[PDB]
Every structure is written in structure tokens, then in C-alpha cells.
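Quick heads-up: it's one chain on its own, the form solved without the ligand, in C-alpha cells.
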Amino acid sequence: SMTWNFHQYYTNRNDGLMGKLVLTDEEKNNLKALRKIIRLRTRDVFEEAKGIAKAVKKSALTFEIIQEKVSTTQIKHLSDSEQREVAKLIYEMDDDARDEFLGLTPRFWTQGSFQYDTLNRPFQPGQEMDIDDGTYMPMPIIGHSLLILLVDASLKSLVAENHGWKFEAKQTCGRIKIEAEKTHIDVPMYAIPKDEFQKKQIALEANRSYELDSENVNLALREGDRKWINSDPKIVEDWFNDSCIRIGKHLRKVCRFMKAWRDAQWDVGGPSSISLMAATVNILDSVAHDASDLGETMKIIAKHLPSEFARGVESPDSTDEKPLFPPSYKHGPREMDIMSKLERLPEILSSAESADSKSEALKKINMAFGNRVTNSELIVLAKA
């Protein structure tokens, strides 16, 4: 019958899918403002704690005195038991550890889709704009417990100052959720080598008006036997940025489209954003496609994703042994459900391509991406 071209459906920045997914400048700035609020408080809470440690160093303080001091700082927004732990930890530092703590100032680096520009406007109720802002502690080679308590104190002190904010503890981060604004901010915490951080910060400021060795970037884990895991988020940022330069400007677009497909097919759940990115990069690295037709390119991606996910999707961090998505012999109900929807996507896109009219084509492709694009005039007859 007829054959439709969907390039403008995907890419029109006003009415097309990109126009629906990309945050406005006002919205990006609001997330930047939120990140800055978290950073300022975290630096302030660390200074208050260091102020207490400095008093302990300057003169012998009893545990009860340290407890009272803790209780007058913004650490007061922790629970009473947690405040005791913070006081105990500060009191029990030996002279050497205390000197290291007095020298600590947290540093920050954003990771995830806010950093490499693939953050989509959320679609279904419950979905939220996500800022992943890592907090970094330069140390040699100071306790895991203390560092987690102080970041928790910072986040809880902000929650105590804002109606509708909620703190959530997760295995790999602290989170502040702002449900009414469809926004949350995740704060993973890292330990990094102090000597190397300093040396490279100096070098960086000298070249202006290097990167930390990935092996020593340690992500704090909240529960279990392992308190730390080596996981440098910049590995993913660098791998994705290089992939964009290598594959082209359309990579960021089709990764957004696959994430939006995911958001439309599951209110919560579905394949991780990073697993979609990795599979998509693999396909586009190994299959001929045409960037001037993202409708065609999306068809090619959809055809190949099931097999990518079936063989298992490995992390761009080769030091990470966990797959982003397990191979099919390891699939349980959750993975089988993801395979099912992945297998459906090509069928949906095919149905759209051979619809009898523009409005029918729009309806069919919106089975994949939701009723977000409404302008059927973005869909046009394919050229002879």
C-alpha cells in the first residue's frame, strides 16, 4: 500500500518526539538549581562536622560534649541513634585520622543522563526527572560509616526545610524525592585518592583561563559485606561521549527514543537506560544505517535489539563483571517480559510504516512511544 517516512515525527524539535522529550532551558536550570542546593548543604554539613573535630583536636572534649555540639548542627536532622554514631565516630578518631578529616572537603561530579544529555521528560505518573550527582571524598590509599552519615544528614536537613520533599536510602545512594515536582536527586558517594586528586586539580587549573585513575574510584555501598566497589562513572560518560562522536549526532536521539519507548511500555521497570544505550551503540557500530532517516534507523535498531538483549548486554566498564542485562539462559520472569516487549517493537514500527493514512500511521507508531506526538503532518509519504 503506502509507505511513510517518520523522520520528522522523531526529530522535529517543537512537535516531534525530540520536542516532547528534551527539557526546556528553564527546566534544566531548575535541576541545576536543585543540584546546587544539595552541593552547598553537603559542603556546609561537612564544615560543621570538621568544626567539631577541630574542637576535639584543639582540646580534650568528652563524648557528652561532642554529642551536644553535634545536636546543635544540621546533623540534628538525623535520628538520635544516628547522631550518637556521628558523635561516637568523631570522638573515636585517632590523631592521624582526625587530621585527615580536617583536610577533607567533598567534591562533586554529575553522572547519568543529566551529564551526558539524554534526560527525557517523564511520561507516566510516577516517572520523574533524575539528577545523579556524585559526591566524592578525597582520601589516601576516614570511615565509610561517617561519610554516609554526613551525606544523609545533609539530605535530611534539606528535607526538613521543604514540604513535599522525601529522603530515601538506597544501596548505592541517598535520594531526595520531590514527588509534586516530578523530580528526584540521587547522591552516590565515592572515595578517591587525595594525592592524585590534588595533583590533577592543580594541573587542570594551570591549563586554563587529567582524569583520575579509574581503578581507585570506589562507590560506597549502603548494606552488605562489601562497603566499597570499584565503579568509576566517568567510564560510562567517556564511552558514551566517544560513541556519540564516533557514531554521530543521531546516537543521542535514538537513545532518547529507546528510553521513551521504555517509559511508555512500563510505568516502572523495563530495561535500564544504560542497557539500552549499550545495545544501541553496539547495533549502530555494526549495522549500516542512514542518519538522515531516523525512522529507518529506528527500524534497524528495533530489528536488532532482541538479539542484543538475548546474548546479554555487557557494561562498557570491562572491569565490571555483572552484565547490564543477562543472557537468555539466565532469564527469569522479569527478563522474559522485557524480551517480549522488545520483540513487539519491530512489529509495531512495521505496522506504522504500512498504515493506510497519516493519522493511522501516527496512531500505530504511538503504540510504541505513547500519545506524545500529536501532529500527524510530521508523517509524510516516502519518496519514490
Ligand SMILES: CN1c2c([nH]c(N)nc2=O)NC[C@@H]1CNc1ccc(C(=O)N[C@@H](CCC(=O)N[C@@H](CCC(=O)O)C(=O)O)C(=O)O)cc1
Contents of the next structure:
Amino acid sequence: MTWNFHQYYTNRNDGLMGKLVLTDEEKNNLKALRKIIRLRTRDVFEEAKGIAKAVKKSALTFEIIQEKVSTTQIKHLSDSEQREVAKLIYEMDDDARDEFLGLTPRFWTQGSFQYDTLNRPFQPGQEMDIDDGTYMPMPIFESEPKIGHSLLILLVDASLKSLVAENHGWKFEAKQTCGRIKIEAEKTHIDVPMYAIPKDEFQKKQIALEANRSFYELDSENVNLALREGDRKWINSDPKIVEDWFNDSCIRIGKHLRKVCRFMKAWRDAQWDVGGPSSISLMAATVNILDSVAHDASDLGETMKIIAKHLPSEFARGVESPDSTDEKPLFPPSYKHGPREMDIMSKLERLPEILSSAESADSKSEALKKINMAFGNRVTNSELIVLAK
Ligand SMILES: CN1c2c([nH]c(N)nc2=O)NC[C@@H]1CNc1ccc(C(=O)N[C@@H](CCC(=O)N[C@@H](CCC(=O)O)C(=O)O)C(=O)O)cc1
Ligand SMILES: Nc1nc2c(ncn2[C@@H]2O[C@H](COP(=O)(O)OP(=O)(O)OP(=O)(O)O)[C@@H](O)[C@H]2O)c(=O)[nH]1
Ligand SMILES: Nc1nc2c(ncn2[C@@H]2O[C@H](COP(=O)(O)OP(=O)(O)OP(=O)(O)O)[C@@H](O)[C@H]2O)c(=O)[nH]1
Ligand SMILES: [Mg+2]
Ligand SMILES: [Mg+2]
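What would the structure be for the form solved in complex with the ligand, rather than the form solved without the ligand?
Below: every chain and molecule of the assembly, starting with the one above.
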């Protein structure tokens, strides 16, 4: 016997796509959460600019500034953090202060929510992730921006911490590249990386944008990611580079690319409760395979076998980042594998065996059980599986 799994993979009700794609409850929940973070962040910046405006108009003592700070949403930072914000506002000169009073944070989501590969989480501890970047248009800087790294990080933190203080079961986490709100009971977190971008170009592009529509991309090397730990405060990491690479890959390869990428992530979620290869390494390897190996989009069962066969080789050679400015590969080459990478290799080598043995199982029932060794017990309708012609 030979079974075909195309429907097992693609059926939008019962099949794997059916199990992975967010419910509307989940999708609207994520957008509502993002809206709440965006609102609070703009409010907090307005509150801080309010104080700075006061400083400009009349010379206010440091103590008066502290007092004013302690009355705003910034009160949700620790005591020493509040004093630091007051100190930073008190201490900036006319020029920096004028820049600050002209700053309004802007937002743009990146990651799987943006390019539509966000899967419903599988094991306990696994969470849906929305990556909403905050952008701070300021003058081009070589060393350090007019408005300080410290100040900007503190305000975004205050915004996030102020929301946690208003929501049972939310908690704040600081990561190296973002601030995070975790909502365990909803299996969700929102990440907020922060970027500096050129103010003049931002304005020019926004003016162009609004004039040319009725009812754009910045210079990549000036998109600066703020880093929270380490002595390097900023790194040139433009998230649009990955978004564009993936969207262009989808165009070039076809619409089955997003599906097979979801499947590989689902495989990952089933094989490890935490850990496994990154989502981006899986996408990059999969793109490389589909660009170079003949396949048929009308049988994702066959396509998934083709991918599984070639993944070990991709990862063994090291997976290069689509961002050539990246300082490391997305996955190291095999001569540099330690325990972590060896564990990944051994699971990848297992996958094509699982898919093969499912294909040659004795019944539809046994076929389902076998293939569910790769993706977990998510699909339950064995009648999705069809005897190959
Ligand atoms: C990213 N970006 C970027 C660029 N270039 C390079 N080289 N790297 C970059 O990272 N260019 C554009 C952008 C950076 N510049 C901008 C960033 C944000 C905005 C802005 O007005 N954001 C809106 C939200 C837009 C939105 O919801 N958008 C929705 C999409 C629309 C929708 O879903 O309705 C969303 O977040 O999903 C806001 O702040 O309220 C305007 C410009
Ligand atoms: N240049 C570069 N950007 C990265 C890297 N890892 C993550 N990013 C950026 O961060 C965004 C989100 O990354 P992840 O959350 O790991 O990946 P995801 O595609 O959202 O996957 P899931 O959250 O697992 O669904 C990506 O779209 C990239 O913009 C990396 O190694 N190099
Ligand atoms: N621009 C840019 N953004 C990134 C990059 N890496 C991560 N991000 C963003 O910051 C978020 C958190 O990044 P990470 O520190 O990689 O998160 P993580 O290590 O996967 O999470 P844990 O495994 O729980 O520590 C991501 O989801 C992205 O939104 C990067 O290289 N460039
Ligand atoms: Mg993500
Ligand atoms: Mg994230």
C-alpha cells in the first residue's frame, strides 16, 4: 500500500493547516493586544514630552522633575529607574530636548504574524509570538543618537510595565533585543524590539506615501536595532531584509512555501517542547531546497518528503542567513556542531524515515499514527489519508 497525505496536510478544517492556522479569536486577540501596547507607548512618550516641554518653558529643579515623573505612567518603573528618567530629562540640552519634543514612536509588526506563518502552539510552554517593533525617527547618528539609548529604553519599558500593572497574569521580561510581555494563561507573548531610523527620510517617505493613495522602504544601513545588554548599544539589523526575502521567496517558489514552512515549524514544536532549530533557519533551508529541487505543489505529501530528504544536508553545510550583514550563520556547519546541533541533526535525519514508513503503513489508521510521530497527535481524521493511485 501507498498512501497520499496531501489532504492530511492541507485540509483547512481537519488537516494540519486546519490545526495550525490561528482561530479568529486568536488572531483578533493578538491585534487587540498589539493595539493596547501601541496606545500606551504613544501615551507614555507624550507624558514624558509633556515634562520636557515644561523644562523648556521654565527652568524647573531636578526635584520638581522627579515629582512630575512620579505622577506619570513612568511611576511603574523602579525607584532608581524613575530617578534616571528624571535625571536624563533634566540633563539634556536645548538641541537634544527639541529633538525629543519632536519624537513620536511609530510601529510595525515583523515576523510570522507579518508574513503569515504563525502556528497555533502545541506543547505546554509554547506560545504565540507577535513581534511589534517600535521605530524612533531621529537624526542619522554615527556614535549615539541625540535622544539617548537609555532614555528610549526606559520609556518603552515604562509603557510595558504600566500595562502589566493593569493586568493579572501578565509579566514583563527584558531580552537582549526587546522588551516582552508574557501572558502565560493565553499562551501568548508580545515582543517589542526598538529601532532608530532616519528622521528626514522617514518624513519624506511618509509625505510621498500619503499623497499617492486615496480611499515605503528606508535606507537599510540606517535602521538601527537597540541592544539592551552589552556595551554596543546599537546594531544595524534591518528586519525588512528578512520580510522582503521571504515574501520574494513565496512569489518565486509559490504559495505552498508558507504551508511547508508552517509544517516544518509544527514538526519542530512536536519534537521539542523548548528548543529545536530556529524558525528562520527552517525557512531558509526550506527555501534553498525548493529553489533547487524539482517538486509538485499539488502534492504537499510528496513535497514534504522531498524537503525532509534534503534538510539534513542543508543543516550539515550550515544555513546562511538571508541577511548578509548577519555576523553568524543561522545554523553552524557540521564541523562546529556541539550537543545542541547534534541533537537537531539526529531529529532531522529521523524525519524522512517517519514520512516513508507512514507512506507504506498497513491501513489509513496506522498511516495517521505513523505520520503523527512527526507532527504530533493534532490531525485525528484518518479519512483525510487517501490510497495513492
Ligand atoms: C518596517 N519599516 C521599515 C522600513 N524600511 C526598512 N529598510 N526597514 C524597516 O523595518 N520602512 C517602513 C517601516 C519604517 N518606517 C515606518 C514605521 C512605522 C510607520 C507607521 O506609521 N506605523 C503605524 C502603524 C502601521 C501598521 O499598523 N502596519 C501594519 C501593516 C498594515 C495593516 O496590517 O493594516 C502592521 O504593523 O502589520 C503607527 O505607528 O501607528 C511608518 C513608517
Ligand atoms: N537578521 C536576522 N533577523 C532575525 C534573526 N532572528 C530573528 N530575526 C528577526 O526577528 C523576526 C522574528 O523572528 P522569530 O520570532 O525567531 O521568527 P518567526 O518567523 O516570527 O517565527 P515564530 O515566532 O517561531 O512563528 C524575523 O522576522 C526577523 O525579522 C536572525 O538570526 N537574523
Ligand atoms: N531586527 C532584529 N530583530 C530581532 C533579532 N533577533 C530577535 N529579534 C526580535 O526580538 C525578539 C526576541 O529575540 P530573541 O532574543 O531571539 O528571542 P528568543 O531568544 O527566540 O526567545 P527565548 O528563546 O525565549 O530566549 C524576536 O522575536 C524578534 O522580534 C535580530 O537579529 N534582528
Ligand atoms: Mg515571532
Ligand atoms: Mg518574538
